[PDB]
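When you get a sec, could you build the whole thing from the sequences and use the hints?
One letter stands for each residue in the lines below.
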Amino acid sequence: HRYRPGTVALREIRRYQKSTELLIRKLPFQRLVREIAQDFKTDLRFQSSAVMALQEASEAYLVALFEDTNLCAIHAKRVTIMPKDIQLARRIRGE
Amino acid sequence: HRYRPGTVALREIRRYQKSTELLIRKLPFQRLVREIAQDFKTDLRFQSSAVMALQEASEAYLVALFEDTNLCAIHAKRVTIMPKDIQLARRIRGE
Amino acid sequence: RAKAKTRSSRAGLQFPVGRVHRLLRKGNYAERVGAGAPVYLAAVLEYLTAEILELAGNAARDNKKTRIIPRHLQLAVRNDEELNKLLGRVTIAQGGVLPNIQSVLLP
Amino acid sequence: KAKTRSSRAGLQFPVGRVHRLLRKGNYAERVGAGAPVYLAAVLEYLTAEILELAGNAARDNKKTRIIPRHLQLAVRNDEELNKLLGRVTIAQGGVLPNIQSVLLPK
Amino acid sequence: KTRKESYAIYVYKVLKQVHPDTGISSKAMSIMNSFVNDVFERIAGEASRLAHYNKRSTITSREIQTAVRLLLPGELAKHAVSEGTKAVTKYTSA
Amino acid sequence: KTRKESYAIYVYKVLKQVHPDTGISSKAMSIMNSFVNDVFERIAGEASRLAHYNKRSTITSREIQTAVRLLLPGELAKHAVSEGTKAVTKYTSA
Amino acid sequence: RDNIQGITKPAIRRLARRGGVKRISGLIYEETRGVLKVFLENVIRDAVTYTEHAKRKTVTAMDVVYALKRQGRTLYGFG
Amino acid sequence: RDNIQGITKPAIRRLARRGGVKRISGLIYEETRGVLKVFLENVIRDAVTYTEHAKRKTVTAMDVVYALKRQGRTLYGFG
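For the protein sequence lines, the chains are A, E, G, C, H, D, F and B, in the order given. Positions in the first sequence are counted from 1; adding 38 to them yields the entry's author numbering. Positions in the second sequence are counted from 1; adding 38 to them yields the entry's author numbering. Positions in the third sequence are counted from 1; adding 10 to them yields the entry's author numbering. Positions in the fourth sequence are counted from 1; adding 12 to them yields the entry's author numbering. Positions in the fifth sequence are counted from 1; adding 27 to them yields the entry's author numbering. Positions in the sixth sequence are counted from 1; adding 27 to them yields the entry's author numbering. Positions in the seventh sequence are counted from 1; adding 22 to them yields the entry's author numbering. Positions in the eighth sequence are counted from 1; adding 22 to them yields the entry's author numbering.
Some hints here could point you the wrong way.
[To be verified] Where chain E lies over chain C, by a calculated footprint (3+ residues, C-beta under 8 Å):
(1) 97-104
(2) 109-117
[Claimed, not checked] Cross-link-like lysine to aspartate or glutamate pairs, in silico, EDC-like; alpha carbons within 20 Å at most:
(3) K113(H) / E56(G)
(4) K74(C) / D48(D)
(5) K91(F) / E73(D)
(6) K122(A) / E105(E)
(7) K36(C) / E32(D)
(8) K91(B) / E94(A)
(9) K95(C) / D68(B)
(10) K82(H) / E63(F)
(11) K44(F) / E105(E)
(12) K95(G) / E74(F)
(13) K117(D) / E56(C)
(14) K54(H) / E32(H)
(15) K91(F) / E94(E)
(16) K59(F) / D77(E)
Hint data in this document are derived by calculation from the structure and do not stem from the laboratory. Backbone N, C-alpha and C define an ideal beta-carbon position, used for all residues, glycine too.
Written out as structure tokens, the structure is:
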């Protein structure tokens, strides 16, 4: 007994559009932030609350960008996204 | 002796992209601005420079919108612009 | 000396008046400040807060709950046209998104 | 003998006027003694940087005076100055020439 | 330690006035505090700029009214203006 | 009538240094005069904001330097900061 | 009172040619006129409010510049 | 010290399924990973400058809020 391509994706969309959890992991993101911050100074010491704010802002920005690129992709009679759509959306937005 | 379609449009683009002036006539724009302003208040008198400033801002806005619409149109494997492109370009930026 | 009467009681309000006056004076917004500006500002702020809180509380009753959590605030804010226009570039922590799917991906 | 403060700092921009504008603009309640010099120097540097490119662009067209088209050409053609002033419309400026490669006839 | 001020009691009183039986958590209080602060800052800054632009140095009710009419979009603004006027009248009464 | 003040001779003095054989027109002069006020207002506002942030009431050189570093992007910041520091040192030397 | 028709057709063509196009359909003009009217209404209202506050009857370009800056289309060359 | 590999493929898939996408190609992940770094650097540089100006050796959660505010993305909740 096997499903067909298209159903479990809709089920996943419905399940994930009704929650307020956090998707990305914590420790890799914290390590990435603490490594990126190394290029401007030395021996910096982060608090225990800025990382959460950075994570929230990054997640919101990525979600908005993905929604816009999906709209731009479906504009052109297609159901798939390729980097051309992302580049065009970024160019049109103003970035 | 005739010109195949397309040449005159390119000539016009080249001619009009290398000069600075005002395209729309003055008196109809003045009448439209006066009517729109009178719609909100009665016994209103205008100076001589506000009309010019409004005209300049309007021209710049329309030119920018048309350029963005042309880019969105050439995205989807076409040469002719249609109202769907204008609507999508307005929607993406946020208005 | 007579008994003290709080300035908020005279105007029939709930938000404080003296605190707003002191904040306006000490924030070097202008050289001098009149008298009715704190009253006007307090009234406007109270009206806006009451409207938003009433909408959020009305929205929060559907889920068969009693308390209020930021999800209800986001749901109430994003479902009103004028409030959505006002807060056009504001992100709320742990807010989520409204359920919405396109009309072409459906079977 | 009175000597202007601009002469002491070796700057062509005024110093007293900037100080008075800073004090009377209710930006803060106290203003330091050495504040205006930094602002004067920065403004002078920015003005010189813009004017050099403006004149260099204006020299091309076999002309002497400067018209706003030359200023628009100088501002748009640079990278960082475009980022700084990518949020301003200049009256009587024109548009940078560019045609997409697809529309060309072949 | 030092003392820090907030807008908790007034918000709770308004909530009790509107809805009789309804609780609240800490995150909602923080969000309400931040929103109130942001709106107050915006309105006060706009009023100060408008008052300065006309070569006069005083902030009175007219500047606040004009700033409110300029900022708030649509029907909302209308309602707000009316409310404010009533309050001032009461202060004039007593 | 009444006196109106604007930057109209300092720009010409600066222009007479980089290029000694070039004049300017009226509209370009007006554009250049209007350009300076925007930068001045932006820098002054950022400096006032930063000064107010740290629970202090004073404006000095460090706040202006930090505002200049924050505002100007790209590569102009280094040259601008160097020129400002040199000018401040020269004035302090007296 | 149909002053909106004074914009006429060839002006849109000239603007499009300046922007850069090679082919235009037959339904663009209505949308262009609607967009222009929508923009002008907001700009005019914002300009009118300022001169209403100052107790004056004549509108000056200074107020228009101020409204354009407040909404934000910063314009240079008009004081 | 390669840490950009921490963001993996199923994480991107989960993050994508909130706008309504239904099919995912094979080259989106690299572009997203390249995009994220620019935003992170842009925020972090301003946050570090704000922290440095106050003569401190730690980053408060408040500086990040005023770092985000300047660009045009406010954040309610942390103060």
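To see whether the hints hold, each was checked on the structure:
no.	hint	in the structure
1	97-104	holds (count 3)
2	109-117	holds (count 6)
3	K113(H) / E56(G)	holds (14 Å)
4	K74(C) / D48(D)	holds (13 Å)
5	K91(F) / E73(D)	holds (18 Å)
6	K122(A) / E105(E)	holds (19 Å)
7	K36(C) / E32(D)	holds (15 Å)
8	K91(B) / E94(A)	holds (14 Å)
9	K95(C) / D68(B)	holds (17 Å)
10	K82(H) / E63(F)	violated (29 Å)
11	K44(F) / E105(E)	holds (12 Å)
12	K95(G) / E74(F)	violated (25 Å)
13	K117(D) / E56(C)	holds (16 Å)
14	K54(H) / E32(H)	holds (17 Å)
15	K91(F) / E94(E)	holds (14 Å)
16	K59(F) / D77(E)	holds (13 Å)
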